[PDB]
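Trainee: Since chain A is already given, all that's left is putting chains B, C, D, E, F, G and H with the ligands on it; use the hints.
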Amino acid sequence: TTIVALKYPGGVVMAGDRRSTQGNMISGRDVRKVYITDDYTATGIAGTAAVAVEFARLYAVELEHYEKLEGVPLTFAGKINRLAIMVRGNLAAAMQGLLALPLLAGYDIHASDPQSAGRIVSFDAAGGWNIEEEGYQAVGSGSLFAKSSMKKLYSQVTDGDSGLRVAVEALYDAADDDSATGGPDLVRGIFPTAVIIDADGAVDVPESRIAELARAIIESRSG
Amino acid sequence: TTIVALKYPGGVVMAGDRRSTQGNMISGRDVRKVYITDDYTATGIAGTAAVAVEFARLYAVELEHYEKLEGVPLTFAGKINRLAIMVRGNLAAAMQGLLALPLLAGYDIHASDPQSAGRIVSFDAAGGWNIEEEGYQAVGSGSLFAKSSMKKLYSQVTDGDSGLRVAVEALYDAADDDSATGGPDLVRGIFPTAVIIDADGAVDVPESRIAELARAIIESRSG
Amino acid sequence: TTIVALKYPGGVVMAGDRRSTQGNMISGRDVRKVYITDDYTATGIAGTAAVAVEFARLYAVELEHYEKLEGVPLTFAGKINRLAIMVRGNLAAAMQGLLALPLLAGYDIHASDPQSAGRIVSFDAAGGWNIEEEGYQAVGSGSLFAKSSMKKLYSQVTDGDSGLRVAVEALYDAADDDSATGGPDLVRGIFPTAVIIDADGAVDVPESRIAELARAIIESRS
Amino acid sequence: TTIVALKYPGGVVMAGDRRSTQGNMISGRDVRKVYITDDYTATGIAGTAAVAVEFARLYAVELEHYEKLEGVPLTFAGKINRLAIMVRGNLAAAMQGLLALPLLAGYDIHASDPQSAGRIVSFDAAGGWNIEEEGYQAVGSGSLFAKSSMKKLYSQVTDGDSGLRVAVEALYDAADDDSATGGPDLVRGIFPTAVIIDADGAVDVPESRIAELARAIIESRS
Amino acid sequence: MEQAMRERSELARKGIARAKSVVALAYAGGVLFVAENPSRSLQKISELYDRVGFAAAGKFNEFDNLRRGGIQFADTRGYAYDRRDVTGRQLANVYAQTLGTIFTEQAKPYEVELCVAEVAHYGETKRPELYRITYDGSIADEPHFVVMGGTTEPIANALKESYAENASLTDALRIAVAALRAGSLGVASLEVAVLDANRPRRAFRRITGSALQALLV
Amino acid sequence: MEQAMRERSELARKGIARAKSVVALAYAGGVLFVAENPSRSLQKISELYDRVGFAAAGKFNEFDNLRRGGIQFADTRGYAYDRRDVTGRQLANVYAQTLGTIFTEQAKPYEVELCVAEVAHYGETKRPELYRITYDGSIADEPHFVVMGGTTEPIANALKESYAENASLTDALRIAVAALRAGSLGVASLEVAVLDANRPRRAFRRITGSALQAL
Amino acid sequence: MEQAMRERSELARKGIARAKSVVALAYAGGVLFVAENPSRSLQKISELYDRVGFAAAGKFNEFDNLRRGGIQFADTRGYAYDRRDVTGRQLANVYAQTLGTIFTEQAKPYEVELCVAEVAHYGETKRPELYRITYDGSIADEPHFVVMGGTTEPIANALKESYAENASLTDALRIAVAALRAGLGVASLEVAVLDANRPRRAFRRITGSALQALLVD
Amino acid sequence: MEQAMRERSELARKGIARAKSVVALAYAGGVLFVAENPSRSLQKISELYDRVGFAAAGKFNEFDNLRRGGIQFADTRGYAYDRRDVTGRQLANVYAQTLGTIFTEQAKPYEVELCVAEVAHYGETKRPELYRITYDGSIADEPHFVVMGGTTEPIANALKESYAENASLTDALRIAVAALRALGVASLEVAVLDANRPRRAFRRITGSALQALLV
Ligand SMILES: Cc1cc(C(=O)N[C@@H](CC(=O)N2CCC[C@@H]2c2ccccc2)C(=O)N[C@@H](C)C(=O)NCc2ccc(F)cc2F)no1
Ligand SMILES: Cc1cc(C(=O)N[C@@H](CC(=O)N2CCC[C@@H]2c2ccccc2)C(=O)N[C@@H](C)C(=O)NCc2ccc(F)cc2F)no1
Ligand SMILES: Cc1cc(C(=O)N[C@@H](CC(=O)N2CCC[C@@H]2c2ccccc2)C(=O)N[C@@H](C)C(=O)NCc2ccc(F)cc2F)no1
Ligand SMILES: Cc1cc(C(=O)N[C@@H](CC(=O)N2CCC[C@@H]2c2ccccc2)C(=O)N[C@@H](C)C(=O)NCc2ccc(F)cc2F)no1
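Residue numbers (the numbering used here), protein chains in the order written: chain A, 1 to 223; chain B, 1 to 223; chain C, 1 to 222; chain D, 1 to 222; chain E, 1 to 217; chain F, 1 to 215; chain G, 1 to 217; chain H, 1 to 215.
In short, the hints are calculated from the structure, not lab data. Just so it is clear, CB atoms sit at the ideal spot from N, CA and C, and this is done for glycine as well. Be aware that a few hints might be false.
[Said to hold, decoys possible] If you want the ones that stay clear, here's a sample from chain D, every Cβ over 12 Å from chain A, calculated:
{"#": "1", "residue": "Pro9"}
{"#": "2", "residue": "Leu63"}
{"#": "3", "residue": "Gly97"}
{"#": "4", "residue": "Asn130"}
[As the list claims (entries may be wrong)] Listed next, the in silico EDC-like pairs over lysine to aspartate or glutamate satisfying Cα-Cα at most 20 Å (straight line):
{"#": "5", "chain 1": "A", "residue 1": "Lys147", "chain 2": "D", "residue 2": "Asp30"}
{"#": "6", "chain 1": "G", "residue 1": "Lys14", "chain 2": "H", "residue 2": "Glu10"}
{"#": "7", "chain 1": "C", "residue 1": "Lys151", "chain 2": "B", "residue 2": "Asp30"}
{"#": "8", "chain 1": "E", "residue 1": "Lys14", "chain 2": "F", "residue 2": "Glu7"}
{"#": "9", "chain 1": "H", "residue 1": "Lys126", "chain 2": "D", "residue 2": "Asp30"}
{"#": "10", "chain 1": "F", "residue 1": "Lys126", "chain 2": "B", "residue 2": "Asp200"}
{"#": "11", "chain 1": "G", "residue 1": "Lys126", "chain 2": "G", "residue 2": "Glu165"}
{"#": "12", "chain 1": "C", "residue 1": "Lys68", "chain 2": "E", "residue 2": "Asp82"}
Extracted from the complex, chain A is given alone in its bound form:
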């Protein structure tokens, strides 16, 4: 797997690949690893598929549960804490081979200026969490390649659209160097999924735009 997320002026974007494996065997080609967990946050998980899907589902339910109970949504710090507690809680199964690591991307409606309200938070198997202040982060078997790719491409992020381009190219580099992350599939028409979050909330990116960007990247690498 490879999940990426980066801040752009005005919001944040998260992108995830589509591959599923059992050893060397490709078991999935259309997985959706990036979930809109509430109006202003998306969660992308790497690891054991059942644990990741369980995490996304239960975390979304938990946030909305609090929201309906208290009449107001959690602070972003609270969201962080709940996710971290979930991971820490799964540590034991994680050591038995049921490991799942999330990456959180959100928009803090309570930040001072809305151009930097984007938040990217990473986690580890022990429940540790870190608000990334360098603009971007990735998690999964291909996160090193994706991060070292964004390290070079991040200066090109000037809005949401360029953000999505850089996210898709980071995923492309990840799939270039990691057999467990899936690249764009032009034969079947399958591409990474992406969410973009701004002050108007979280929205799924339409497949056609991702495909456009992918083809541009490919036709650029090839000439």
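Mentor: Same frame as chain A, but now just chains B, C, D, E, F, G and H with the ligands:
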């Protein structure tokens, strides 16, 4: 064992072989591994026989139980979740040798497009679940062979008859390359079982039809 | 141990040997391994003696318990399910060396065709059960020998007498190739035990008839 | 990680580096490891990050909790005891690799001599606690280097400012000899964090002052 | 103690008499449940098991609790043994025990009256079976019909002189609606279901809307 | 026994009669909740699930407990099965069971009256559903409107006159406030919300302040 | 039933009438708590959370039990989520639920009256919030002042005529002592504020010399 | 309810009135506990903690259960934190809470009255603290003296007329027995919280020393 399922225009088919083994020893020739779990869903299991039978029985009872308690049957997604939870609960036992993996075929009466209302969902030992979008799937020690066979034969599926034929032929290849998957026994007249599901429900395919299909495949491979 | 069961026109027959071992040592020569668990079913178990006995006993008590509580006996399916659940319950002990596998023969008073109302169900250590379609079946350390014997002999079965003989010969080949199965003891007069079940119920086959069949088999092989 | 704490006339100072690692891989560059745990105490932790943050947050909550329940804050001894109890409570997890050690710097408002009201307390994984009498202390993978540096530099501490300088230099030597402790990052403009505590309370040292001090050290060593 | 039990009996009786009425009668094709019910989605008749159906009169939440408990019992027994081991006699018995306990032990007795019915398994010939269980656990084996809720004398009489064995579906429904409307009707205010002994497995089948109107004329 | 149940019934009935009124009625866009409420932050109307909403009259803390319990139920069922398996009928049913058990076993019955509403899913054609649950767990199915709290009869009559199917939002709100008036007057004393069947996922939305005033 | 509940209501009511009075009002600087209290060591006004404060009248051990429970709730929820998720509305709501349970189920109802108040976080513009929670779980928010304990009509009247929004600190205190007299030196009062201009912990007591100045200086 | 509670209150008040009397006075050297007690080995005055003493009137077994529970509380708190975090104010708080629970919930209310007193730590300067906790959990801060048990008003008035701040040991003892008479070694139990001791201030004054100070 091999269980196969595949979509056709307006419906879905599932079929499975009849073999039972104890290591190399053949302990069963007429075993039933595909089960009509509700009016619109069939389940087929691989693995330890006792666990598979208990899975089918328990699962059917759960679905009907909900239907009678709440006056309405579960959404298809809910059926999926329930089976996934049942499998996840069996994980420790499965690690200690009592592994059973199901395959789910169904017709979703609440789907938007009635022609694509068929559903095929795969599962892994940990409760992972995946709605298959590429039209076919298989599970068991012969699953890879049947999936490659069907990869080559799927474009020939245009109605219920062709779908059923491709299914039986995939099981034929499965038994051809997997000693733990039983082939058509023409001496005893024992053939794979198959269930077909469309908008009128799920129905057992009569053995004689499977027999004709088998004789056709045999004649086709012999000359 | 070897336990056989087979269907004949209108009934079923089950027979079992009489040996008990402690490793190589013979610890029992007259053990009864085929119990009438109810008026229409008999059970024969192979494995650890204590577990086999407890199985037969507790099972029969359970069937009768249901019958008296509800005024009616379980359907044959229900009987299968209870036996299998009992076997599954013992799986941990079985993995610690206290293994016991039952074999079920019965006559279903609720079957459509009284000529095919015979029933033979086998089980595994996990609580798996399988109803047998091909007419005969066996369990135990000699079960393969006896099943391969009945594969060749089964066509001779036309009534209860021929069915009984075929069963006894199966057990005989079993003890012939399996030292943990006991053959006819002509010096002591101990012979395999057997139960016959048809529409009139399940009854013990008298020892004299089995002795005769045994002697016929013996002199036929000389 | 390295956390240092030293006493100066009328107060105490604590400082920590900004580095987070996953083995050899640098996973963090701006980690805050020194927390103002109450109006007169700061805690700095080394070890597993999740545990360290948990310790700081929970400990702070516990001190303020007692204060609101009882209308008065804990005696410094009580604070020491609570932190030691927490650390001991984490001992099994620590045995399984979830190790985290705190260093405590405080100013005791109930001390007699206002000049020697500074407190530095170190802890071990068993919850053992020790009040340092010799003026300075450190914890973490670079604590040895920092302590040996302060051994030679401590005689220069005469006020809050010289104490801060010595602290930043000790962290500099730690980063110098220990790859798990991060040095000043001139490219990104990230420097160690520091807390200073005197009779008027505990306050964060503004990043600019630490930047200046670090640059003085760097130039000096060139 | 005696006066307390008398008070519980009175409370139960008055509660049930305030409720609308339900009839269940055997007909040539199985068993028929007709109950006066204005709601679109709150049900007084229900499936219990393959060939076993249920109907109640009185306070909704209480006989719904009982209905759920009965489904729980039947499904558990069927799973622990086999489906054919579940009988309507069994569920009537467990309802008798359960309502005895409820009547003598709970804070307030249940103001409910229950009917459990069973039709034959497919292809078999057995007369339908009807059982009535009252708020205190008493249980009657009735051969032709059961009336519950409200004033049951008018309805039980109209049925007592209008009921014949092996009537048709439409005939039994007409008899039912007439007998009910006596001691007190159309699609908008009727709940109708059937235990259709000609069904292969699950015999419970509701009659709703266009079909019901088509059977009323 | 019978006198204890009469005393509990009366304590509950008086409790509910002594409280502000709430109205819920089906309109072209879904369901409309309009409740007398002089507070700024304490709410009598609430969301329970995607398409299912909640309104209550009586003693606040008690129907707030019941509200939280209903949300717990909904979220739990949606998790154990699938979101779309959560239905207004389900929740009204479980409120019937719960209020039955409270009325007969709680130290004091709950002085509350409850309404559970459900609108169709986005793009579906489904008439709204309105359920009412009383203090003793009695449950009623209503096709047009529900009135709870205080003197309900006058309000119910005014609505019986002025109500028409598939009214606009404005017509429905004004009709509702009329009915509320005929039983005892502006934004600062009103709580208004809707189950908006035209929303894609979460239908519940409040109408407050400027938006409310303009109606 | 009814006699038990109105017996509890009377016991509580009279108990709170017997006890000393407490006033809280919103002023330009935040919220002001002024209670009649001679004790040198027993406190009726307390901090709950960063921007949330607590006042009570009635029986000390009971509203101190409730105070401690509130601190438990606030710190627990602050830790499980984040500090900013703890709100005065939350605390007032939990106090409502809790006093409802106490009143209907405890051996003796609590003879207490609570006020939970919240001021804005540092640097933000948010009108203060004042909540009153009575012995039976009834809860009301009020925009300007809250009175508790003793004879509340004279004090509520004095403020009704004398209250002015955004009053000075010394104006607020003066009108608070004024209204309370209708029902007094430093040795007889307990005074504290939620100061909206403190960076973190808004709760601040006013005692001794400083309070002396605040009264007349 | 109020009848049950005022019968409890009455049983407590009468039960206390029938018991001997105790007085606690703040004096120059700390705090003085003087109680009427004829027994050779049944104590009404007790140490609680380093600088915190206890005195009780009423039924022995009940205020002994309370004495023990208080010692438990103090030692537990001091061990979980630090000795100096234990104070008389909080022992009084917890006594108030405990006696509230007892009074409202136990089979029979405790016929007890408690006084918890705290003197300054060694070398520090702090006016002693005196707390009275009655049978219903009511708590009172007192600056000069507390009177407990029996008919108190004569003793209280005698003190109001004869009490002098910062009195010496002998003088304060004198006015203490005086107020009590409104009594010698064989019928008195006296102890002091002595602010001049380094750590454990509680000191009993028995026999030779007791009568020695009675001249
Ligand atoms: C124990 C144990 C582990 C596994 C295992 O390897 N389970 C695989 C998953 C798998 O083969 N199947 C086949 C049918 C259902 C399940 C699936 C679920 C969801 C989506 C696609 C498939 C896995 O977890 N592989 C890992 C290495 C993987 O590929 N993870 C990618 C991933 C990340 C996030 C996410 F939400 C879904 C994902 F598939 N099984 O038992
Ligand atoms: C522990 C343990 C495991 C086993 C074991 O391997 N037990 C075998 C099964 C077996 O020997 N017997 C003999 C008597 C009844 C039981 C049977 C049940 C049902 C049908 C046919 C036979 C198995 O589990 N074999 C596996 C490898 C197998 O063949 N599985 C195929 C299968 C798939 C789905 C299904 F529903 C039933 C099946 F048999 N024994 O102890
Ligand atoms: C642990 C452990 C294992 C054994 C063990 O192997 N115990 C032997 C049995 C044995 O030595 N003794 C001696 C006294 C009683 C007991 C016996 C019981 C019943 C009948 C004859 C003897 C066994 O279990 N042997 C097995 C291999 C065996 O022979 N099983 C045949 C059998 C099948 C069904 C049945 F009902 C009874 C049987 F003996 N003992 O402890
Ligand atoms: C089990 C297990 C252990 C680890 C692990 O090694 N986890 C690393 C930390 C890490 O990679 N990540 C990435 C996502 C969040 C988490 C992070 C938390 C806080 C700050 C920066 C990052 C660690 O704990 N490394 C230790 C050796 C470390 O660097 N400790 C320094 C430190 C001390 C105190 C403190 F408060 C925070 C710190 F980072 N993961 O699973």
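Trainee: Could you run down the list of hints and mark each one as holding or not?
Mentor: To see whether the hints hold, each was checked on the structure:
1. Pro9: The assertion about D/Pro9 holds, with a minimum of 37 Å to chain A.
2. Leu63: Nearest chain A Cβ is 20 Å from D/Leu63, so the label holds.
3. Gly97: Contrary to the label, D/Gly97 does not stay out of reach of chain A, its closest Cβ about 9 Å off (not over 12 Å).
4. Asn130: holds (28 Å)
5. A/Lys147 to D/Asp30: Given pair A/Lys147, D/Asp30 holds - Cα atoms ~17 Å apart, limit 20 Å.
6. G/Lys14 to H/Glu10: holds (18 Å)
7. C/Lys151 to B/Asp30: holds (17 Å)
8. E/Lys14 to F/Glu7: It holds: about 17 Å lies between the C-alpha atoms, which stays within 20 Å.
9. H/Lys126 to D/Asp30: violated (48 Å)
10. F/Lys126 to B/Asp200: violated (24 Å)
11. G/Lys126 to G/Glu165: holds (14 Å)
12. C/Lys68 to E/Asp82: Holds. C/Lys68 to E/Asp82 sits at ~17 Å (cutoff 20 Å).
Hint check: violations occur at hints 3, 9, 10; the rest are consistent with the structure.
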